[PDB]
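Residues per chain are reported as follows:
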Amino acid sequence: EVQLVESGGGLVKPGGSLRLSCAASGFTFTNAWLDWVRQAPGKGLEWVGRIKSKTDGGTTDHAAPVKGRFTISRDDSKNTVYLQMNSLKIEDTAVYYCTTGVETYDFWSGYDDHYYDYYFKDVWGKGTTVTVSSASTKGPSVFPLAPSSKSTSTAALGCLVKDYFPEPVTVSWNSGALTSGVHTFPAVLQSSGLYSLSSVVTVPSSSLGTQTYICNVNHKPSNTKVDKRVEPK
Amino acid sequence: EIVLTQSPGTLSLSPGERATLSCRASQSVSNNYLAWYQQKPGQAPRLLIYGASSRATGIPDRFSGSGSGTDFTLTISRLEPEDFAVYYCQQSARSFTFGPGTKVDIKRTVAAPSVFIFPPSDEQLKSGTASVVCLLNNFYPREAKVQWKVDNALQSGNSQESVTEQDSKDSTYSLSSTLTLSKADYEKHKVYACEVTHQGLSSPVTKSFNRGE
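In order, the protein sequences belong to chains A and D. Note that this note's numbering numbers the first sequence so that position 60 is 60, with each residue one more than the last. Note that this note's numbering numbers the second sequence so that position 90 is 90, with each residue one more than the last.
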């Protein structure tokens, strides 16, 4: 089976460098091109560059925003394409994929090579994540968003998981026993370079004096684990 | 270099309906250079159509592509539940670029947001900062907006929001907005309000509190 696997991502300071690898299996690049495509958080797809097949001489082309900073190359002996990334910028933060097309020909028996059925399909890796940031590792504070029987619209409560770096944090409620009414929002990146995430639950207002709501927060990079019981004010 | 534009940004349809997605190219391109991709959350994109109208291997018959010149169309003859996703056109005629994407989401009846405001917690105030949170819950379609006022003055530049994916059962969205203040600024003012707009509201909604009451 044709497969691509990206590696070499990580967290890097502005101005820093990474080298990504795209290792092909089940085929070689003798007659196949290789594209790098990236996707910033919550954004669309952006082509980064291409290297042509070995038959076409392995010519490379790179997108204008990365020209001079990123360079595609290949080690033919490894069936691997590299993306050398220098002078990294915070807007280079993205998931980086490699991808190519796979052509196959089913030649007609009794005819010559001009007669065939043509098949075409793409292959993508799972991606590798590049994060470019000046921030240092910090665990979140977990602040309660307290409900009230006088603030109905049901009641709502939550936890604000504020000021952490890097991603991710996980949030559950009542150790996973509560998912009805739960919304855990995408993290936002604050102007400070720290992330913040909110998780909320809508609940009956008339049982706040007897039901327990605890948000379970885990930030593995800082070894932060915090359970916050959210009580009415 | 060629710019691909896509309309609409979000197409709202029911399972079983025909979907028609539009891609425009800033320069004319030959058909061999135009492709369409699908992408679902947490997954790489998947090629649907290449050469404007050819299906990639294993792509179902309900996907088809048409058009020429500067105007291309992806058609899904009858939407299946797995087809609610983002669709991108793509061209290789001059460099390699993608369109901005059209999201196809599940149509349901209009639902107004339920709105909740949360003052900064006493714990956060002790820690030295102040965040005010506004929750806009279970609305449809996606176009709810919120603005913040402090002592009746509209705020700008000091809020951030994010939005959930469409709910798998009730097909609604939720949105949370956070107003970030210094603790000194929070203690300097009294009335904190978020004003919410959405087509399902008979009138916009304000939720507010007075600090210290």
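Be aware that one or more of the hints could be misleading.
[What the hints assert, rightly or not] Each computed DSS-like pair below joins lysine-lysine, with the alpha-carbon atoms no more than 25 angstroms apart:
1. A:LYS126 x D:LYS103
2. D:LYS169 x D:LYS145
3. D:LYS103 x A:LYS225
Don't read these hints as lab results, they were simulated from the structure.
Taking the hints in turn, this is what the structure says about them:
no. : hint                : result
1   : A:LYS126 x D:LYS103 : holds, 22 angstroms
2   : D:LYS169 x D:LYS145 : holds, 23 angstroms
3   : D:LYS103 x A:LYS225 : violated, 36 angstroms
Figure legend: structure checked against the earlier numbered hints; the only hint not met is number 3.
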